[PDB]
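Visitor: Read off the chains here:
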Amino acid sequence: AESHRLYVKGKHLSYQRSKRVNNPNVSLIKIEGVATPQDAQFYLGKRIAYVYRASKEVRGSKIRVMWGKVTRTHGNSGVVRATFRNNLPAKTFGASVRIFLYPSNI
Amino acid sequence: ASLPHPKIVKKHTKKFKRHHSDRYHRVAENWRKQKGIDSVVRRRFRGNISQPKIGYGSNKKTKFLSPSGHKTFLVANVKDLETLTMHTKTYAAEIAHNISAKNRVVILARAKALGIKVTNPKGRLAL
Amino acid sequence: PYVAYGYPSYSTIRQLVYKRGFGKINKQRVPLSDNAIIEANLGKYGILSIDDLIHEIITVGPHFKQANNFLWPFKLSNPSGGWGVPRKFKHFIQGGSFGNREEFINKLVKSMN
Amino acid sequence: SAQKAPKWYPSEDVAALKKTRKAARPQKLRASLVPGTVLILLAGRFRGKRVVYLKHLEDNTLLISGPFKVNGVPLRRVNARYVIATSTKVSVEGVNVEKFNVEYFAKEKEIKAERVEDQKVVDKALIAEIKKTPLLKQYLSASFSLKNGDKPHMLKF
Amino acid sequence: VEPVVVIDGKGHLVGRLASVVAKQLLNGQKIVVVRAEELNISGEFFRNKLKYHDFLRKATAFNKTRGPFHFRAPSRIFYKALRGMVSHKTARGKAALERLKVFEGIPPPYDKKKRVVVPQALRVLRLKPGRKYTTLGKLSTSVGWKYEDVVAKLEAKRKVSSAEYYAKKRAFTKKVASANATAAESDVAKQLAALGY
Amino acid sequence: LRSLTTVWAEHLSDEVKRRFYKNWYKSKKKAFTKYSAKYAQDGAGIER
RNA sequence: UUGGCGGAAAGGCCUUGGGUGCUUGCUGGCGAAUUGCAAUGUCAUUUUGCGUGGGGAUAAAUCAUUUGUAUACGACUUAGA
RNA sequence: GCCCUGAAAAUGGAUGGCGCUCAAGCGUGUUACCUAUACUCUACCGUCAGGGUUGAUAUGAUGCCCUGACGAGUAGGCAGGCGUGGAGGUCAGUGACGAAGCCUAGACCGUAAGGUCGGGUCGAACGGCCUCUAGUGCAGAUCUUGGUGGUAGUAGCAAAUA
RNA sequence: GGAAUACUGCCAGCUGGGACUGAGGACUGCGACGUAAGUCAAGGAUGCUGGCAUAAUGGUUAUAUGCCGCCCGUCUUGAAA
RNA sequence: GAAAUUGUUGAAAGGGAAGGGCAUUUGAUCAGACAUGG
Ligand SMILES: NC[C@@H]1O[C@H](O[C@H]2[C@@H](O)[C@H](O[C@@H]3[C@@H](O)[C@H](N)C[C@H](N)[C@H]3O[C@H]3O[C@H](CO)[C@@H](O)[C@H](O)[C@H]3N)O[C@@H]2CO)[C@H](N)[C@@H](O)[C@@H]1O
Ligand SMILES: NC[C@@H]1O[C@H](O[C@H]2[C@@H](O)[C@H](O[C@@H]3[C@@H](O)[C@H](N)C[C@H](N)[C@H]3O[C@H]3O[C@H](CO)[C@@H](O)[C@H](O)[C@H]3N)O[C@@H]2CO)[C@H](N)[C@@H](O)[C@@H]1O
Ligand SMILES: [Mg+2]
Ligand SMILES: [Mg+2]
Ligand SMILES: [Mg+2]
Ligand SMILES: [Mg+2]
Ligand SMILES: [Mg+2]
Ligand SMILES: [Mg+2]
Ligand SMILES: [Mg+2]
Ligand SMILES: [Mg+2]
Ligand SMILES: [Mg+2]
Ligand SMILES: [Mg+2]
Ligand SMILES: [Mg+2]
Ligand SMILES: [Mg+2]
Ligand SMILES: [Mg+2]
Ligand SMILES: [Mg+2]
Ligand SMILES: [Mg+2]
Ligand SMILES: [Mg+2]
Ligand SMILES: [Mg+2]
Ligand SMILES: [Mg+2]
Ligand SMILES: [Mg+2]
Ligand SMILES: [Mg+2]
Ligand SMILES: [Mg+2]
Ligand SMILES: [Mg+2]
Ligand SMILES: [Mg+2]
Ligand SMILES: [Mg+2]
Ligand SMILES: [Mg+2]
Ligand SMILES: [Mg+2]
Ligand SMILES: [Mg+2]
Ligand SMILES: [Mg+2]
Ligand SMILES: [Mg+2]
Ligand SMILES: [Mg+2]
Ligand SMILES: [Mg+2]
Ligand SMILES: [Mg+2]
Ligand SMILES: [Mg+2]
Ligand SMILES: [Mg+2]
Ligand SMILES: [Mg+2]
Ligand SMILES: [Mg+2]
Ligand SMILES: [Mg+2]
Ligand SMILES: [Mg+2]
Ligand SMILES: [Mg+2]
Ligand SMILES: [Mg+2]
Ligand SMILES: [Mg+2]
Ligand SMILES: [Mg+2]
Ligand SMILES: [Mg+2]
Ligand SMILES: [Mg+2]
Ligand SMILES: [Mg+2]
Ligand SMILES: [Mg+2]
Ligand SMILES: [Mg+2]
Ligand SMILES: [Mg+2]
Ligand SMILES: [Mg+2]
Ligand SMILES: [Mg+2]
Ligand SMILES: [Mg+2]
Ligand SMILES: [Mg+2]
Ligand SMILES: [Mg+2]
Ligand SMILES: [Mg+2]
Ligand SMILES: [Mg+2]
Ligand SMILES: [Mg+2]
Ligand SMILES: [Mg+2]
Ligand SMILES: [Mg+2]
Ligand SMILES: [Mg+2]
Ligand SMILES: [Mg+2]
Ligand SMILES: [Mg+2]
Ligand SMILES: [Mg+2]
Ligand SMILES: [Mg+2]
Ligand SMILES: [Mg+2]
Ligand SMILES: [Mg+2]
Ligand SMILES: [Mg+2]
Ligand SMILES: [Mg+2]
Ligand SMILES: [Mg+2]
Ligand SMILES: [Mg+2]
Ligand SMILES: [Mg+2]
Ligand SMILES: [Mg+2]
Ligand SMILES: [Mg+2]
Ligand SMILES: [Mg+2]
Ligand SMILES: [Mg+2]
Ligand SMILES: [Mg+2]
Ligand SMILES: [Mg+2]
Ligand SMILES: [Mg+2]
Ligand SMILES: [Mg+2]
Ligand SMILES: [Mg+2]
Ligand SMILES: [Mg+2]
Ligand SMILES: [Mg+2]
Ligand SMILES: [Mg+2]
Ligand SMILES: [Mg+2]
Ligand SMILES: [Mg+2]
Ligand SMILES: [Mg+2]
Ligand SMILES: [Mg+2]
Ligand SMILES: [Mg+2]
Ligand SMILES: [Mg+2]
Ligand SMILES: [Mg+2]
Ligand SMILES: [Mg+2]
Ligand SMILES: [Mg+2]
Ligand SMILES: [Mg+2]
Ligand SMILES: [Mg+2]
Ligand SMILES: [Mg+2]
Ligand SMILES: [Mg+2]
Numbered sequence: 002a003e004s005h006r007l008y009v010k011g012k013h014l015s016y017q018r019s020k021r022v023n024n025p026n027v028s029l030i031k032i033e034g035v036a037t038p039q040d041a042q043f044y045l046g047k048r049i050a051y052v053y054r055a056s057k058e059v060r061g062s063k064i065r066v067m068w069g070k071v072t073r074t075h076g077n078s079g080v081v082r083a084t085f086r087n088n089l090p091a092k093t094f095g096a097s098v099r100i101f102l103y104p105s106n107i
Numbered sequence: 002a003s004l005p006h007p008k009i010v011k012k013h014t015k016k017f018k019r020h021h022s023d024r025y026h027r028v029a030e031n032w033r034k035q036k037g038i039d040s041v042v043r044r045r046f047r048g049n050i051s052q053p054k055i056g057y058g059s060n061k062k063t064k065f066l067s068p069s070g071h072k073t074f075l076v077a078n079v080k081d082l083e084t085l086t087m088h089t090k091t092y093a094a095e096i097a098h099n100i101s102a103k104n105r106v107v108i109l110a111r112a113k114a115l116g117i118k119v120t121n122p123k124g125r126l127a128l
Numbered sequence: 132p133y134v135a136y137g138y139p140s141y142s143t144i145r146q147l148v149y150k151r152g153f154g155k156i157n158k159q160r161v162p163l164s165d166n167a168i169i170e171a172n173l174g175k176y177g178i179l180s181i182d183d184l185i186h187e188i189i190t191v192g193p194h195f196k197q198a199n200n201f202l203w204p205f206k207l208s209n210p211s212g213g214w215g216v217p218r219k220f221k222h223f224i225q226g227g228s229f230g231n232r233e234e235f236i237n238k239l240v241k242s243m244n
Numbered sequence: 002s003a004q005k006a007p008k009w010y011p012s013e014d015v016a017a018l019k020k021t022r023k024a025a026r027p028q029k030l031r032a033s034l035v036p037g038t039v040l041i042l043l044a045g046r047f048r049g050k051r052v053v054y055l056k057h058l059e060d061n062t063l064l065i066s067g068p069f070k071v072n073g074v075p076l077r078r079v080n081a082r083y084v085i086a087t088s089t090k091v092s093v094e095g096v097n098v099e100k101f102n103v104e105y106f107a108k109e128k129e130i131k132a133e134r135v136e137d138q139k140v141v142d143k144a145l146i147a148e149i150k151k152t153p154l155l156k157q158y159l160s161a162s163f164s165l166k167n168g169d170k171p172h173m174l175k176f
Numbered sequence: 003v004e005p006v007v008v009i010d011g012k013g014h015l016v017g018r019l020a021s022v023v024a025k026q027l028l029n030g031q032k033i034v035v036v037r038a039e040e041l042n043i044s045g046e047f048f049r050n051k052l053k054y055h056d057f058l059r060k061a062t063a064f065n066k067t068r069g070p071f072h073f074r075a076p077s078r079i080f081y082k083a084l085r086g087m088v089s090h091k092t093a094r095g096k097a098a099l100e101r102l103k104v105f106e107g108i109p110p111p112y113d114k115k116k117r118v119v120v121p122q123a124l125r126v127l128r129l130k131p132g133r134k135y136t137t138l139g140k141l142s143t144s145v146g147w148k149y150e151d152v153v154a155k156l157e158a159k160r161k162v163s164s165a166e167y168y169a170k171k172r173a174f175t176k177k178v179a180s181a182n183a184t185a186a187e188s189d190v191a192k193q194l195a196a197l198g199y
Numbered sequence: 099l100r101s102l103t104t105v106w107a108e109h110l111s112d113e114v115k116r117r118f119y120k121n122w123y124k125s126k127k128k129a130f131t132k133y134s135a136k137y138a139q140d141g142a143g144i145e146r
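Protein chains in written order, with the authors' numbering: chain o3, 2 to 107; chain o2, 2 to 128; chain l7, 132 to 244; chain l6, 2 to 109, 128 to 176; chain m6, 3 to 199; chain l3, 99 to 146.
Just so you know, these hints were derived from the structure itself, not from any lab.
Take these hints with a grain of salt, some might be off.
Pairs of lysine-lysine residues, derived as DSS-like cross-links and limited to a Cα-Cα distance of at most 25 Å, are as follows [unchecked claim]:
1. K170 (chain l6) to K10 (chain o3)
2. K5 (chain l6) to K62 (chain o2)
3. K20 (chain o3) to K219 (chain l7)
4. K192 (chain m6) to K175 (chain l6)
With these hints in hand, go ahead and build the complete structure from the sequences.
Guide: Below, the structure written as structure tokens:
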């Protein structure tokens, strides 16, 4: 209607890392409303999409989407680990990501 | 058109360029193992270039297969080509660089008629 | 100094042999997937089952030397859920791990299985 | 000769597959999906729409109506994992559903006059029931959307 | 959630406000801090003063011009603490600091915008009673900040207009709840409370 | 301290106008010419 | 469209006045499919170039020359329709 | 006990850094959590070991197949390989319809040494396999010779009156 | 006096969500469900549906971004020195 | 007619060196895969 959103807002925070060494193959995601690993278990398995713009066209459109799935839970604050088909650009840190409602077990 | 085979897995696609062949022009990229006593590459300190070792070896099943799946065979003439008649789904024929343009139309012709894949058709080929 | 240990329960032994149970045949670490493997080897002692092995272990008894020696040493993962301590190499009585924790070996070994 | 001929070469005989043991068992369904249960479509063409579950089909999808005269959705396959099952339901007692099956939707444009009646048929039962409980027509008529503050790990549906 | 968050610096605690703001930026949250002169620091004025003088002590010997730069104003005293908690010599951090603004007083765009508070950086909630704490602006002025009175002078003026704005705003919410009376007893009322509204 | 507005008198001595020019002799001396219209309009823009 | 208020970076805030479009406050009549069981999606927002339709305006500066309140060279400062 | 005095050094400066005061300090307790080339499971490369198998029906018994364990490394040892000049043998090998060389932010193969191909430039020779043989592999040696840079349009081109 | 409850422990108790993996390639094994015909999750993934050739996808290369990475060679107990 | 080194043109980058490793966005560039009734 005035709002078409079928997904939960998100943020790409960091790769998985130790103090001095990171692992681009996994990404840590902050999800709106998810404050505890309890809550984040609901979004485990869900599909995420990073949406970005370009110059060239794919089909009629300059908009492209990177796809990945929520994998496990991260820490005590409701962060979530995730893995995308291709790793996220790492400029993407602090950029919005989209956590969908499917696959749905409701 | 070739024996089915599992997914080819290359395990290290990058080149293993010799250390510092980026630094001094006199140093060719052809790999060379660092013998030096202090060398950070030899001692494998974090952040340096990774060296060739045996663990990188290709799967014995997918080794030597080209993206098509044919282990390729070098062919200098039609007699060479015809070694591949039974093994058409195994191997593939690569015309040598020095074979002239006449015999290339000739070798191609027999390879087609024989059902053998030429890796490098459109060889010295006019128009 | 280098080990933690204690007194294993029936389960702990059973689940250790069922999941991780292997045996030694001319070197050759061999999983016990069939009592035939056991009987082929421990049969001269009796012990044709996998629970015959388990029995001969927990009850100790006459052939425990060879019944236990038949068993390959158990390769275990790190404790799922941590070691419970901050620092392992203080004794169980003081700081945890590294020693004879008696019955508490079961909670640990089971989490390492 | 350029290269020297191999001493071996392999067999070009393709090998027969080993005989596999995997049975195809019937699919257990989420307890939340009992025919008559309203659904929320999370993906695809019709995403956002509120629909009505009709039958579990044997290709594993879900029969769907919504019905057409309300939200515009026709009788449709949909996948169980792309749906949220809401806790509101309509009574399905008066819907045939028997004919509709896998090969019904088999790919054989002009909409087949068969289908166009079938929707008029099926939905004629639905709406009459949907009419029975107030505001449900408006409900299925609307689209589902997430609003600021909505938390799907909290929201009941 | 929200594009930009205005934080009222007053009665907050420098290091803890800095810590929460830094993560926001690194996580993409645009931030603006207002009334940085009413920000606080634990410890009594003398201490947090002498502390500054040590900072003041350090400069590149051969050229004081390339040495550590000692910024007096409260917003800058704040930004230092914040920039110290961001990895600012890299591109990421640079970008993140671009997401931040800091002002003493509360300047026009933000003066009519809603301002929030960061409880875990808040002084009264955090510090134990009886512990002494410094007010940033007063310390900032003792090290040579020149703008304190002007900020205060304009702050007093702003507080007048904001008072009158709130006077109208309240009086309207009166006349909104006044006319809400009849519907408070209406049928749609009981309808709504049934579901919790 | 910030400069809010500047208001100029209607007629500027040529000695001042000389100061605004690097090459005065060949310049067309457009001076304050359009600014003086603010007086010519009776008031207002100067007074405001 | 009428008025006010706003100089902290006010460039926004309150207001009159009519015109016009919608309104889910409520009651009707139609449409939606086959985009085929998800991959596809609303177009936002920055600069810049072609263009058309009318509005408005009609400069300097550098070089060379020149002064010595200046000057290693640049720079500085004067002078010349 | 904690804190305070005791408690003086030279560039400006370091609980790692910001900064923290019912701590983001000190003592103590209890849980959750983070991540090593380590541990567990699996795929793949190699090494070592044990077992089966030309009873065969082609194309390798130095094979083919099954199984288990293992993998740090200087000086150093050994192995299996890559590459260059020449030599016997062989492909009745390549080639003026273009050999060799060279150039290719082009392709493929090999863990690697390396191998192969396309395109360009080129002009008269050259390669595969089996063996033989060495004046056989370069980044250094203030190495040798030859060529070329930055320094740099810079130091300078101001004694001997014009 | 009769329970309840905590705590520790066992069940070859029943179930929901997520993740990675699918090595092998006719049959030979050990089994389980069977009154039986036979069926199976029992010595390693199959079934189904869809999507892609102005191309999905994969290689290279340049640039960007996160984290990381001191000059080799040499002697030396110890060299980026 | 190689290299050092240099001119022009084209492309890209550039806040007190540069070059390297992993990963990915972006661009450029290459590819292997299409025959079954008309
Ligand atoms: N060494 C093999 C080659 O190396 C090349 O890269 C390296 C060198 O060979 C090449 O040399 C560059 C050259 O590109 C460039 N056009 C000229 C430059 N002077 C050379 O580089 C040199 O220059 C500096 C001074 O400027 C010297 O102090 C220093 O010895 C060296 N870096 O530049 C790189 C760094 O010097 C390429 N990667 C490739 O052609 C090949 O791998
Ligand atoms: N963060 C600074 C803290 O002080 C430690 O270091 C301290 C000591 O190095 C040094 O102490 C010296 C003492 O050695 C020497 N006699 C000179 C000087 N007058 C003393 O300084 C001391 O002064 C009195 C006690 O005398 C104390 O109150 C004061 O805290 C302490 N700084 O004063 C330093 C600052 O207090 C460490 N840098 C660090 O681990 C600790 O956290
Ligand atoms: Mg990956
Ligand atoms: Mg990867
Ligand atoms: Mg799955
Ligand atoms: Mg990829
Ligand atoms: Mg990958
Ligand atoms: Mg990869
Ligand atoms: Mg390779
Ligand atoms: Mg490498
Ligand atoms: Mg090379
Ligand atoms: Mg050493
Ligand atoms: Mg070539
Ligand atoms: Mg855990
Ligand atoms: Mg620990
Ligand atoms: Mg701890
Ligand atoms: Mg467990
Ligand atoms: Mg476990
Ligand atoms: Mg089988
Ligand atoms: Mg079966
Ligand atoms: Mg300070
Ligand atoms: Mg810092
Ligand atoms: Mg910097
Ligand atoms: Mg500012
Ligand atoms: Mg001053
Ligand atoms: Mg001063
Ligand atoms: Mg005048
Ligand atoms: Mg502003
Ligand atoms: Mg304006
Ligand atoms: Mg304006
Ligand atoms: Mg109106
Ligand atoms: Mg003079
Ligand atoms: Mg003079
Ligand atoms: Mg001069
Ligand atoms: Mg000192
Ligand atoms: Mg300090
Ligand atoms: Mg510390
Ligand atoms: Mg401080
Ligand atoms: Mg402090
Ligand atoms: Mg800390
Ligand atoms: Mg404590
Ligand atoms: Mg916790
Ligand atoms: Mg590993
Ligand atoms: Mg053997
Ligand atoms: Mg070794
Ligand atoms: Mg060793
Ligand atoms: Mg070695
Ligand atoms: Mg050695
Ligand atoms: Mg080898
Ligand atoms: Mg030779
Ligand atoms: Mg010789
Ligand atoms: Mg010869
Ligand atoms: Mg020969
Ligand atoms: Mg010939
Ligand atoms: Mg040659
Ligand atoms: Mg290349
Ligand atoms: Mg050619
Ligand atoms: Mg040329
Ligand atoms: Mg040639
Ligand atoms: Mg000649
Ligand atoms: Mg000739
Ligand atoms: Mg050779
Ligand atoms: Mg020699
Ligand atoms: Mg040489
Ligand atoms: Mg040399
Ligand atoms: Mg040298
Ligand atoms: Mg020179
Ligand atoms: Mg230079
Ligand atoms: Mg000259
Ligand atoms: Mg000169
Ligand atoms: Mg001289
Ligand atoms: Mg002279
Ligand atoms: Mg009693
Ligand atoms: Mg009793
Ligand atoms: Mg219990
Ligand atoms: Mg049961
Ligand atoms: Mg398989
Ligand atoms: Mg059987
Ligand atoms: Mg039975
Ligand atoms: Mg039976
Ligand atoms: Mg049977
Ligand atoms: Mg099987
Ligand atoms: Mg298919
Ligand atoms: Mg790329
Ligand atoms: Mg570093
Ligand atoms: Mg030496
Ligand atoms: Mg020495
Ligand atoms: Mg010495
Ligand atoms: Mg030594
Ligand atoms: Mg000594
Ligand atoms: Mg050294
Ligand atoms: Mg040349
Ligand atoms: Mg050159
Ligand atoms: Mg250029
Ligand atoms: Mg500079
Ligand atoms: Mg420079
Ligand atoms: Mg650097």
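Visitor: Hint numbers the structure violates, sorted upward?
Guide: Of the numbered hints given earlier, the structure breaks none, since each of them holds.
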